[PDB]
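Got chain B sorted already, so can you dock chains A and A' with the ligands onto it with the hints?
Spelled out, the chains give:
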Amino acid sequence: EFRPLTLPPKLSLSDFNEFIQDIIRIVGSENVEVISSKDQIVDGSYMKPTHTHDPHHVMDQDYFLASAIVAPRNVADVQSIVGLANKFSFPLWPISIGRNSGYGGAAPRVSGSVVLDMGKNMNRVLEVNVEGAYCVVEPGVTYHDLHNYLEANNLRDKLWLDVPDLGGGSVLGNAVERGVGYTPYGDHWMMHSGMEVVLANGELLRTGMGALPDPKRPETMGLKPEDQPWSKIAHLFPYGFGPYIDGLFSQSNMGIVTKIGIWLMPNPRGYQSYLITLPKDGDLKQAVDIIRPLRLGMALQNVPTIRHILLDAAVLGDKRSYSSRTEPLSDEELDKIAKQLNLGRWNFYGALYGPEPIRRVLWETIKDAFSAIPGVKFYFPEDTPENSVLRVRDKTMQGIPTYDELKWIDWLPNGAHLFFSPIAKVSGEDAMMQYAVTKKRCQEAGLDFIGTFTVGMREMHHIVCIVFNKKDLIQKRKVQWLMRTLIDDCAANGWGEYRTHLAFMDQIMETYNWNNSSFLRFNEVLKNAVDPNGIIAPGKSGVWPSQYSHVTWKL
Amino acid sequence: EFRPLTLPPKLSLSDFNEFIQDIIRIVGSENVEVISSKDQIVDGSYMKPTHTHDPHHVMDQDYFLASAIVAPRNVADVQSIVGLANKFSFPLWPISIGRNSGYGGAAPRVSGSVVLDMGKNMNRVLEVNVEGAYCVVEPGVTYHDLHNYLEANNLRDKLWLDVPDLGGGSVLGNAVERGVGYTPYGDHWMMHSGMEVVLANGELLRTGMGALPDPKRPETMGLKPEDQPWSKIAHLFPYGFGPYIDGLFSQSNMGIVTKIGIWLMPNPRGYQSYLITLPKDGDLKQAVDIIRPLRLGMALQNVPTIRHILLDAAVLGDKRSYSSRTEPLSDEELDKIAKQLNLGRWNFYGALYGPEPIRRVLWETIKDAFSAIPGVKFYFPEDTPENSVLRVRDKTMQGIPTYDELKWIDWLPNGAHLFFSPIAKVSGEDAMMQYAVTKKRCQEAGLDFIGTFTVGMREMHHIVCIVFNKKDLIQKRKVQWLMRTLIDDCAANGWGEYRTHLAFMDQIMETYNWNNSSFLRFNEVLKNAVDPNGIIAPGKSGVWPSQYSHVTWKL
Amino acid sequence: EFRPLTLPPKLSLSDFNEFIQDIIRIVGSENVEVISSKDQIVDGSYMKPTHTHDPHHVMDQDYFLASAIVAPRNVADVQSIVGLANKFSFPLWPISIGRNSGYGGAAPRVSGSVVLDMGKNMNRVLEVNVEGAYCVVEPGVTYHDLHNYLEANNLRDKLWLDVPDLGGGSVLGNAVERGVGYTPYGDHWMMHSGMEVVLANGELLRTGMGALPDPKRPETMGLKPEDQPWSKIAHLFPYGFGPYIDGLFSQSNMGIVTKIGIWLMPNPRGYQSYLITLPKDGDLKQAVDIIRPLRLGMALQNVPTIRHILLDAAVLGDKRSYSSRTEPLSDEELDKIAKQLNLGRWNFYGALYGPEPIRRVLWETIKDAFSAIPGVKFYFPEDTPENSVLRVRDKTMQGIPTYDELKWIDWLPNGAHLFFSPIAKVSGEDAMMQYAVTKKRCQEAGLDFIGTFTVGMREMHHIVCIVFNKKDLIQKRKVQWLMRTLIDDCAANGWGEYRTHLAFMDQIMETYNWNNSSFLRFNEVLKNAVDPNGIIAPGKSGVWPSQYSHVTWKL
Ligand SMILES: *Cc1cc2c(cc1C)nc1c(=O)[nH]c(=O)nc-1n2C[C@H](O)[C@H](O)[C@H](O)COP(=O)(O)OP(=O)(O)OC[C@H]1O[C@@H](n2cnc3c(N)ncnc32)[C@H](O)[C@@H]1O
Ligand SMILES: *Cc1cc2c(cc1C)nc1c(=O)[nH]c(=O)nc-1n2C[C@H](O)[C@H](O)[C@H](O)COP(=O)(O)OP(=O)(O)OC[C@H]1O[C@@H](n2cnc3c(N)ncnc32)[C@H](O)[C@@H]1O
Ligand SMILES: *Cc1cc2c(cc1C)nc1c(=O)[nH]c(=O)nc-1n2C[C@H](O)[C@H](O)[C@H](O)COP(=O)(O)OP(=O)(O)OC[C@H]1O[C@@H](n2cnc3c(N)ncnc32)[C@H](O)[C@@H]1O
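Chains as they are written, first to last, in the deposited numbering: chain B, 6 to 560; chain A, 6 to 560; chain A', 6 to 560. A prime marks a further copy of an entry chain.
Excised from the complex, chain B in its bound form:
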């Protein structure tokens, strides 16, 4: 329609109208939804994600938000749209599925921007190669989707996924965000090979070997470039020749993604998932010094998770169902909890991979290792209650999608998530030292600390899990406050966040300040060169086209 609630910059309304008109004129009235009124107030459900904004909203609901939604039906649409977005300096905000909750979701950093709902149309599994062990997909291929495909093609016996805690995210969006999963193939971004992208100027690109063109043949003649098959090695060798640019494409506004090759993990013929429970909060420390060499030793296989009891607990029940108390729960209450549960204070989930002769020693290796930790306790799914999270993580650690996790998003009544994700070494000390802070602050903020550590190889992803009730302002402000505070400390102590929410992108990019913002500066430089017009989602990762004021924009 005619009158969206928010116009992007300097966009006049007739201009908005024309744009929106040429646009419906391409993609179909079907492919567009304007956002005419607050009857938008509608945040949604994981099952049916809203695109207009951030559901897990810490800011005012309407704070970051669409002017309109646009669902390109195919690459050329994106191309056309960019052209228009280019004609009018309308800005973009592409997304794949929108489950980017706890970071912003569908919500665009710049309000009045257009939402490029890619995945809606662009749902395809382009290919799944067994010999190469990989798949090629679109923004719309959600994981489950990816799964059922192999399923309805009996592939699971030949091949395997690597999911994140939840099943519905875009395999593609996730890889660009540098999302992480739990099988040894957990480092998603790194498992990519050959992607295609519509650059800021509308022109297509195929990274790496995506560039060595498939040789011609009758069969393939006359297909649009976005339609031509790929060279042999495209998807089996990420680097190509010359600059390795693919990275400009992750957590950046360099281009709009349309496709990507993700490598698949070949069924291993042997899979043992387990859980060593850690008794003392201080366990976390020895626990890590422990995992340290096993991870570097490869005795540890996939990316193992070290959980804080409440994550498990909260998956099991809301906060209220364990304490009808407003404040943070006492440290003694967790201990009751660990127990009511059989859990640890801390809880380490991992999985074994391979022929049994293989797993056996590994496991003799770990089990024997975790032994120095008193009250340590080991376990197979089997050995556990039928709602036990070890139950969920077994599927999880084998590429099977689930949706049991969100339940935890439920601790609080208008539970919403917000993730503080500082990186931390794999040193019990550092792990401890970082934890202290974050906690300390969750207390002051009046919160239940809840969070884990994704067991990186020489690093570790510290996911602080801040929930809070989205309908409680006193609180929302505390989170914001907590947010930016934790951001400073961590940094103050030397730790950066690896990915973050729309609302803190700036703050954190600011952490990245060596030599006077040089990194940021460099980015801008390339951003402008390539996106002179600032059309393609400006402000992401805290980077802005000249055209955007820092002052008018930052946060």
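No false leads were slipped in.
No distinction is drawn between identical chains; accordingly, a pair holds when it is met within one copy or between any pair of copies.
Straight line, CA to CA, 27 angstroms or less: simulated DSS-like cross-link-like pairs of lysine-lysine: (1) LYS15 with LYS92; (2) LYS430 with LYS445; (3) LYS15 with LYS43; (4) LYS92 with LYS559; (5) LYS481 with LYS412; (6) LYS372 with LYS285.
Keep in mind the hints are simulated off the structure, nothing from the lab.
Quick look at chains A and A' with the ligands alone, frame taken from chain B:
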């Protein structure tokens, strides 16, 4: 001095003189060598690499070549020099050690360019972190150098390298080139985390977490930025936050490198190196279908090498010492050879890693697998002649540097190497099919095919090893001819070269043509944005600043 | 000469030489000193200030530093020089006298810059108007100089100065820096009216009424503009008409100053100086709540000083002469000290002004007020030891210059000063709260806190007096560390530094960050508009011309 043999573009001589004057005025007369005359004709030795040009020269000796050599004494020097190089539009050609033989060596794509001999001064091991398992180095830290360091620090017991066939290359240059080595840590570029670079405009940058600044402290105050320590995670987590740009830094002219974090491989406590010999030339095919799933299965550990007999043979002796014949040796002569040697036609080198319970099954696994191949034969170093290459590769597969390889560079009298390095799937067929061609052509070119395959995980690096006598023109022309021919075919069949010589950069970047050179186009765009002046080694990877004509420049 | 140790940016050496040649060619070989070698290592004495760099150097000695010194002989010289500085993009660094010690002294933020020693030639008292009560001076009129003038003109009986703790600073440099003195006329910058400045483009300007041109007359015809007399009101009314721009001229690189009108304080016919001593460290708190309304009440007249015992003590003796101990002195040692001295822990100096009937009540007013503070004790100079600082401050509070202060610069052996100068409310609490921090940190830094508070009217200038031994690196680093730390806290708690050293300009301008650096941004904007070339002392107050990289430049 005054009069170099070749001036870079539009550089007038007084201009050359001033530049060279302000320059000696910084780095010391010591740090500079002008190239006043053909008394330069001097190609050198691996032990003492020439910087002025390409030793393994296929082109006229003087074809690609310095105007002068400059050895920055420290980062600021590089900075200063860039500034001047910037003042005057003088162009750069940075290198670390120069052993880039078989690709160009020290030689600059653009003649009259200045040679930035980094490594000469910039020799330091900045750090070697055990807990993190990694080292931080300069352009000048050659591998051996890297080795002896750990050695003279008793580290080998805690940590391990990953060398390439030769010991003296720059750990750093090698990683940027995306060089590859043989331990499981063989994928060099990928083992990097945190690098620093002097951009085209003189400003410093530190990629990734290199950017999250180490927090302040008395101890560290007042040190130049190039001198400040790194944040904690800098070197344990390559991605940082926002765009993952590091890749603009590999096989590109985006910036000048000054430092880099390479992760180290923790001693594994168990190491078995071996060799299964392949009897028939056609073995190569089944051989691969074989390795295919073991590599994807991780039964295969490091990057294993599949050798062509002559590589081994030639390491053992020149060509003449096996046939006093000019032409390519008959296929029957190889067979005599395989035998005179105990070798296969093809020969697969690999290594086992870990506690023995660990290796045993693996090995039972491989050995049992290679079994379907008749006359197959397995072996430990022990089981072999004391000059046997299995002898050399054991050290090799454990990070120990050697220099036994070059000997092979000796097949021919004024042996020089030239590498054709097309990628190829891990399919016996493809492997075969690619081999056929390359060979076929080596024949026509009047050459001994010689080459291997670095066992990639879902790919394979096909290194065609073209030697030829550098002092034989009829021949040099045949190689050039062979070169560009093989380049077309491979491509014609769908295979790209992953890295190449100075003289073929263009040709190959041209292979990368999907959608009308889009990849190349994109590159230029960012290259100019960042290196408006085209000062920093123009033409690399076949990319050129506006300022350089395609026509005047390409090849 | 030929070869200065440091060239400014992109300046080539022949260029440096030409510049320096045309330049000697104007001002005389006499007016120039190149800085050819480290035989420069020479830091000097207050009596004979070095221009080349920072004497009180926290950084490496040579860290900030001249390329050459230039002493303009008259306004046109400055004009000429700018022109050249303009021709060549050579940068400027103007100074009046150089006693800007504890902030940088003569030292230029950008090394290789030229030092514009104004005051050397430009020594004149242009006028001293009795009727108007004001003087007009040049950069070279040091205070004492200003004094002796009135003296040798019997003026003191008619008029009075307002000095800062030391006598030799430039009356003019001091006013631009917003330096402060102790008579009621202590707010220096504010006592200005009509200034002249050579803008960045060489053109002259006269602020305010300086602009309403003196009407013509035979007597004045044909004099250069820099030579013409001023309009009547020029110097009696700072605002003029239209924009009140004078302020772009204080603690900014907007223009080069050549002259300025400072109003004079008419002898008051009655002057009583005194000192109430404060016993407890905690006294400082009640003490302030006390002064608060008297200052706002004008019962308090000039700007009174609240001293920390050690300042007085240190004026009396080095540190060693009270404790042969390296560490910070105990809090009990001060108490011995207060006593050995008759001093307070804290010590409040002020002065009475006017006809006696006038002073009497005031004093009855204060004395009676300070009474609630136990052990409080009052005093006239008379009532005190002949080296007593009350002795020095009496002259001080009456415009009489002295040089007794520096002695304190002597606490430490290679005593050097560094000033942390955060503003603080006039609330005992705030005063306390700010003090705590600063101290706390001086301890950790391993230092004697030493400092005061200039009794502002609704504010207070908290001068932390950091000394340290310039020849002790472990220490220098601690100060730097302390420096930037205190800067963050203060800010963290809401307090900004009002003026600072060369080395922290950036850091602090960064404190000034509301709305995303808007203030800084605005500044740059006007800076460039007016100093397109960045010639006029770039980086001051942390502001930089486009031409200067933040990254290359900041700190
Ligand atoms: C609530 C929650 C979230 C969560 C999690 C557990 C819970 C309970 N566990 C996660 C985990 O283990 N690992 C992980 O990486 N994330 C996890 N999250 C966060 C989130 O749910 C997932 O990461 C999810 O996969 C992210 O959302 P989705 O995959 O739906 O992606 P999106 O909203 O479409 O956005 C991706 C962002 O990247 C850029 N983008 C996306 N598509 C494109 C295209 N086509 N072109 C260019 N850029 C694209 C956009 O910036 C978009 O915002
Ligand atoms: C003759 C030969 C070569 C060879 C080999 C076996 C033989 C007998 N085996 C190799 C192997 O197993 N793996 C491999 O990657 N290479 C192998 N080669 C080739 C070569 O010897 C090595 O790769 C060698 O490490 C490369 O040379 P070196 O390491 O000395 O590097 P360089 O000449 O200095 O150049 C590196 C290139 O990259 C860019 N570069 C280098 N330093 C910088 C800095 N500081 N900043 C920016 N760019 C830099 C330049 O383009 C330079 O040309
Ligand atoms: C060591 C010390 C310092 C001190 C003090 C007590 C001691 C023991 N007490 C001070 C006090 O009570 N009040 C005060 O304001 N400062 C005090 N200080 C610091 C210092 O000694 C004095 O402030 C002194 O007056 C400053 O130095 P000086 O007056 O010699 O000025 P300068 O070095 O030439 O520099 C002035 C700065 O401002 C700009 N400037 C100067 N002249 C010009 C011209 N002509 N045009 C444009 N800008 C100019 C420059 O940036 C220069 O750096």
